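This document opens with one chain alone, in C-alpha cells, the form deposited in one PDB entry.
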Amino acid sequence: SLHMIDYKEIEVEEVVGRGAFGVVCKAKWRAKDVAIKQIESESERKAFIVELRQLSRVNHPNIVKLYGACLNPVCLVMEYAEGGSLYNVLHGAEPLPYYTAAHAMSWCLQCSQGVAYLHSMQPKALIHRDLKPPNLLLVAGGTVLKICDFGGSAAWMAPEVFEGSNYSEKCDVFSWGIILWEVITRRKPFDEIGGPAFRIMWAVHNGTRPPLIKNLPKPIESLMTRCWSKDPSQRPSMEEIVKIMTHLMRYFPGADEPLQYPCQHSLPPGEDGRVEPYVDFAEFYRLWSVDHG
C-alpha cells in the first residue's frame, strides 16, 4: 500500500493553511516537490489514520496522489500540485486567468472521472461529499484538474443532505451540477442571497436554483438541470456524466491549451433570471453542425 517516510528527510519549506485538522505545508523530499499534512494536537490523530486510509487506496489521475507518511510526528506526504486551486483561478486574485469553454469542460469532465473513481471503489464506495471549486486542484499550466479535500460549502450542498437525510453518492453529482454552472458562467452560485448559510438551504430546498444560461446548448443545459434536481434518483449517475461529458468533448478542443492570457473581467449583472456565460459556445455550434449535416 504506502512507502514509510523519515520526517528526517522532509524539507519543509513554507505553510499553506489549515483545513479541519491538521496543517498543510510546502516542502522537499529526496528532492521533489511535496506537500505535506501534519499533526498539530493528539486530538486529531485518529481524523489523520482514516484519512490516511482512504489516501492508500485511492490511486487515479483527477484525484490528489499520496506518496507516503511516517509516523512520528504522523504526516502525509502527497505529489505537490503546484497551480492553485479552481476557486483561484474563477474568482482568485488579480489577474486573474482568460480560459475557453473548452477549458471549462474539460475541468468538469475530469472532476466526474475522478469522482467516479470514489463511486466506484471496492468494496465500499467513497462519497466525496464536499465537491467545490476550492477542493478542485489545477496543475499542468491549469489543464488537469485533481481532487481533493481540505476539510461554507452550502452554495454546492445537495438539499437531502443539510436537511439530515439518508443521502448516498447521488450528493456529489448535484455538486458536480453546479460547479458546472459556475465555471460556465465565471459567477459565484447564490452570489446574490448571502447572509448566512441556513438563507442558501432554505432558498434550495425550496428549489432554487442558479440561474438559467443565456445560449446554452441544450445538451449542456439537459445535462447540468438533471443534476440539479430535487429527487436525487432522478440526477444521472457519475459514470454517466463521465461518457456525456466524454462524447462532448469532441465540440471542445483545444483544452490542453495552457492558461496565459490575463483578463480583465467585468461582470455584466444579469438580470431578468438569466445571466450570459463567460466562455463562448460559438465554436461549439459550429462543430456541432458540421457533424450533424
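The term rigid core refers to the maximal set of C-alpha atoms that superpose within 1.5 Å between the two forms. Numbering follows the first chain given and starts at 1. First, how it differs from the form deposited in another entry.
Taking the core as reference between the two forms, the lone member of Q234, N59, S41, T246 whose Cα moves by 2 Å or more is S41.
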The other form holds:
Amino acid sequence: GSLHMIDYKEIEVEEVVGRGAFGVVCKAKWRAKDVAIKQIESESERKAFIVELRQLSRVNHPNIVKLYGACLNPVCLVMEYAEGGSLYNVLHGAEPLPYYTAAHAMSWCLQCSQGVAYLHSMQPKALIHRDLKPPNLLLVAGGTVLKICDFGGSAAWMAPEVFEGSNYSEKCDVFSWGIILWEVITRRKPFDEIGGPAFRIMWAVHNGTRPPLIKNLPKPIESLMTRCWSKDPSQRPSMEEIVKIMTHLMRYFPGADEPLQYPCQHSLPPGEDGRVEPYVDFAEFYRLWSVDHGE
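Go ahead and give the structure of the form deposited in another entry, now that the form deposited in one PDB entry is out.
Since only the chain itself is given, any partners or molecules it might have are not part of what comes next.
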C-alpha cells in the first residue's frame, strides 16, 4: 500500500553508521525500538528521496529492508536497524571477524537473489538495483538473514555494459550477483590485486578479466558463477533461475540458520597462483551430494 509518517522530534538520533549512495545513514530510536534513518546531505539531492519513497512504499519482501516511515521535517527515511551491519564488514571489516561456513555463503547469495528477483518481477515495471554490492547487503538475526537496500556501486561489481553507457537491463544485477558469489566463497575483495582508480578495473573487466577460478569449487556452482559473468547479458541466467538453482543446492548446505559467534584469525594466503583457495570448505557438500548421487 503506502508508508507511515514519522515526525523527526519523535526520533531519538544517535551516531552515524555507514553513508549510503548519496545520503547519510545513522543509528537511532523510535517508539521503544532500535531503528536506522537516512537524511539528505544537501538540499540538492531532495529529488532522489521523492523517487525513493514511492518505490519503497510498494516493496515488501523478507530480503529487503523494511521501511517503517518518513517525513519532511528535515526530510528523512526510517528503517529497521540491521544489528549485524553490512556484509562487506562481515567479510572484510574490523580486526575480529566472524567465522562463517559454506552454508552461510550460499544462504546469503540465495537470500540476495530472492530479493533481487522480487524487484525484477515488480509490476507495472521491473526495478533494477544497479548498485548491487556487499556494502548495500545488510545482515540481521545473528548474521543469518540477509537483506538488500539502496536501489536507484564500485567498478568491481558493475557489469561491463554499464561502463559503456549502453542499453543495459535486469541482467546487470545478475553479473553483480555472480561477483558476490565469488566474494563470499573466497572472502576476498574482487579485483583488489588490480588496484588504482576505478577506470583500471573497468578497462580490465571490459577486456574479459574476471576473478580467478576457485580450487575444488563444485562444478554446479562454478558454471552458475561463470554464466553470471557472461560478457553477453543474454547468456546470463535470470534471477528467477538463480533462485531456483540456489534453493536446490541448499539441500547440500545445512546449518545456514546457525548464528555467527566464532572469531576468526585470517592470513588468507595472498599467493594468487592460477587459482585461489576458497575460505569456506566444500567437503560436507561433496559428502552429502555423493550420498544422493554416486560421486
